[PDB]
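Novice: Here is how the chains run, residue by residue.
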Amino acid sequence: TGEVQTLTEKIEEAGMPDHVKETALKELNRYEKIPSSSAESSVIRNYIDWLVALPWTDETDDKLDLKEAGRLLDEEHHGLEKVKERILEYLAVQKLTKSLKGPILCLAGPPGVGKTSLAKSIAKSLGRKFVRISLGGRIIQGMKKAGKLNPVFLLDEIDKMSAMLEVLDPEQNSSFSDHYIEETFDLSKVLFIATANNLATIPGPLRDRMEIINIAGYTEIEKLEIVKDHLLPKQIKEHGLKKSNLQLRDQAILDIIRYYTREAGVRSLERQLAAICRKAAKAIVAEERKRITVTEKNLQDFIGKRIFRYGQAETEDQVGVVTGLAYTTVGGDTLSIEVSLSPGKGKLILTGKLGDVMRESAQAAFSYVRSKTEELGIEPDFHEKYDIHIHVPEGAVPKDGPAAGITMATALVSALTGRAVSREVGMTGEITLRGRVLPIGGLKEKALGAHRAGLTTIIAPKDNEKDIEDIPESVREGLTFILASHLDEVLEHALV
Amino acid sequence: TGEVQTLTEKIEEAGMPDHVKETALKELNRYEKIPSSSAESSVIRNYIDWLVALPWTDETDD
Ligand SMILES: Nc1ncnc2c1ncn2[C@@H]1O[C@H](COP(=O)(O)OP(=O)(O)O)[C@@H](O)[C@H]1O
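From first to last, the protein sequence lines are chains A and B. Here the first sequence stands for residues 246 to 382, 403 to 427, 437 to 770, where the numbers follow full-length UniProt numbering. So the second sequence is numbered by full-length UniProt numbering: it starts at 246 and just counts up by one.
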């Protein structure tokens with residue numbers, strides 16, 4: 246007998262068609278079964294098995310019926326309207342170009358917005374098998410975990426990396451190599467997708483090889499529905515218990531959000547739900563009560579006390595301290611800029627991010643007040659006998675650095691003139707020497723997160739109005755957008 | 246058997262005509278297959294492959 250058949254037999258099997266390989270197959274095969282399992286006989290010994298699973302003939306039979314798909318996406322993700330409209334473009338386009346083409350997409354946005362799920366769901370539609378392949382530190406494995414050569418790899422994180439191009443280059447990806455198994459391989463039909471946050475760390479080389487889609491975040495309205503029609507039931511069912519077991523009134527869901535999550539995604543939101551799904555269950559087993567109704571009053575009796583600040587209830591207006599909306603790798607954020615006055619020379623030293631990008635802007639809001647002075651109410655003998663300190667908290671992403679111009683400006687003035695920025699207002703805008711207010715980046719996400727922390731007024735660049743169009747209904751409805759072109763306009767509205 | 250042929254074989258192949266090179270070829274080749282893949286045996290190990298693809302005969306007709 247001998248295991249000279251256990252393998253060989255299943256080798257000539259229907260599986261393993263291509264002969265270009267079978268050569269290298271029986272080759273290292275008819276090798277040295279002579280002798281026993283020497284230190285040598287353990288080596289190539291295994292080389293054969295990895296080789297047994299790798300698909301060739303196998304493959305999936307794609308179904309591409311948009312009428313579905315597009316509205317299976319609406320079964321497993323709430324909003325993301327625009328983001329879907331673009332997943333289908335990537336399919337209606339697919340159908341025609343019968344062979345998947347180079348541009349493979351990255352999903353980008355704060356974590357907890359659905360990137361990973363969208364993928365799984367892209368694939369559910371295409372009826373291809375799905376594989377996560379984490380790149381926090403090897404496709405080798407990939408196929409194995411799916412023994413069907415028409416998959417959906419999700420290069421999850423390409424940006425927590427310390437070059438691989440080869441694997442995606444439309445020209446090359448066809449013929450694929452890999453050490454410790456050296457042999458070409460065809461990846462023609464392999465839907466690739468990428469997750470990502472800080473689009474930086476991604477290698478310029480790659481970012482061009484790939485087409486990008488931004489998932490944005492969510493309006494209170496959106497989150498709320500996400501909770502009700504997906505999040506909750508999922509967690510109920512997962513903590514094994516009945517829909518008739520536990521219900522949360524809308525208002526409380528809102529509260530959970532406003533007061534226990536300041537995220538753009540809904541991860542924190544899911545966790546706090548589960549919190550309750552849990553608490554709930556222990557009742558259902560002990561007390562046995564077939565129902566548990568968490569309300570806007572109950573809330574504390576489940577998830578603890580309040581966790582974040584919303585609105586202006588707590589806050590009082592301050593001096594030389596403005597609240598600028600900034601574009602963090604993880605959504606709209608509310609970094610506050612401060613300025614301090616100490617005797618000295620016209621020199622101005624700033625803290626926080628070392629920022630060489632900032633100084634330019636800073637010493638411009640600065641070089642503004644230099645001019646229009648008495649006109650503004652401030653002792654002209656100042657840049658001569660004061661020393662100004664500015665703090666610009668880190669978070670704003672490179673492109674958006676200069677978007678803090680009107681902010682530092684506003685502060686520096688409110689600081690010099692003992693006035694006071696209105697705690698309610700969040701601002702963003704680029705400054706110029708003359709006092710001009712130039713166009714700013716991603717107003718959408720900015721006002722989205724400006725609403726999240728519950729501000730009223732949000733001063734931004736005049737030349738940005740055509741950007742307010744796409745700002746989701748719910749939030750554009752709770753904000754009064756003061757648009758401005760020169761500092762004085764900003765200053766008048768943001769100071770009191 | 247040993248991989249003492251997997252490479253060598255395709256080396257004397259029709260590909261690799263010029264002898265000015267084949268010297269340096271079998272030279273670092275008949276090297277130290279002794280011993281196993283030591284920290285050393287990984288070095289020149291590869292030097293041979295880059296050398297396998299290089300063109301010589303293949304003169305595309307213009
Ligand atoms: N719009 C959404 N609708 C439903 N679930 C969502 C949505 N966004 C996030 N989720 C939750 O997250 C999953 C997909 O996103 P997730 O993987 O959590 O964040 P990320 O996409 O950044 O990894 C969903 O299964 C659900 O848990």
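Hints should not be assumed to be uniformly reliable.
[As the list claims (entries may be wrong)] Straight-line distance between alpha carbons at most 27 Å, and here's what the computed DSSO-like set of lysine-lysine pairs gives:
id, chain 1, residue 1, chain 2, residue 2
1, A, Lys425, A, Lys673
2, A, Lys278, B, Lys255
3, A, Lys346, A, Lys463
4, B, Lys278, A, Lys266
5, A, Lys508, A, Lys312
6, B, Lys278, A, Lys271
7, A, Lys312, A, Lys340
8, A, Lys736, A, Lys327
9, A, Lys463, A, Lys508
10, A, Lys343, A, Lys425
11, A, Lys340, A, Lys413
12, A, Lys369, A, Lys255
13, B, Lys266, A, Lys266
14, A, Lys365, A, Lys463
15, A, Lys564, A, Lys374
16, A, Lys278, B, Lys266
17, A, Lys327, A, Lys369
18, A, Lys271, B, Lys255
No lab work stands behind these hints: they were computed from the structure.
Novice: The structure should be examined with respect to each hint, and the outcome stated for every one.
Specialist: Taking the hints in turn, this is what the structure says about them:
1. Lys425(A) with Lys673(A): This hinted pair holds, its Cα atoms lying about 20 Å apart.
2. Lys278(A) with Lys255(B): 24 Å, holds
3. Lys346(A) with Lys463(A): With Cα atoms ~9 Å apart, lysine 346(A) and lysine 463(A) stay inside 27 Å; holds.
4. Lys278(B) with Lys266(A): 26 Å, holds
5. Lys508(A) with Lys312(A): The given pair, whose Cα atoms are some 25 Å apart, holds under the 27 Å limit.
6. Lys278(B) with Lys271(A): OK: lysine 278(B) and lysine 271(A) at ~24 Å, within 27 Å.
7. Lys312(A) with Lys340(A): 13 Å, holds
8. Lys736(A) with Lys327(A): Holds, at roughly 25 Å.
9. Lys463(A) with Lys508(A): 33 Å, violated
10. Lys343(A) with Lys425(A): The hint is violated at about 33 Å.
11. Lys340(A) with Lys413(A): 20 Å, holds
12. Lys369(A) with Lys255(A): 31 Å, violated
13. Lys266(B) with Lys266(A): 30 Å, violated
14. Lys365(A) with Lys463(A): 17 Å, holds
15. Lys564(A) with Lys374(A): 39 Å, violated
16. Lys278(A) with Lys266(B): Status violated; Cα separation ~37 Å.
17. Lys327(A) with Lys369(A): 20 Å, holds
18. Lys271(A) with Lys255(B): It holds: about 18 Å lies between the C-alpha atoms, which stays within 27 Å.
Of the numbered hints stated above, those contradicted by the structure are hints 9, 10, 12, 13, 15, 16, listed in ascending order.
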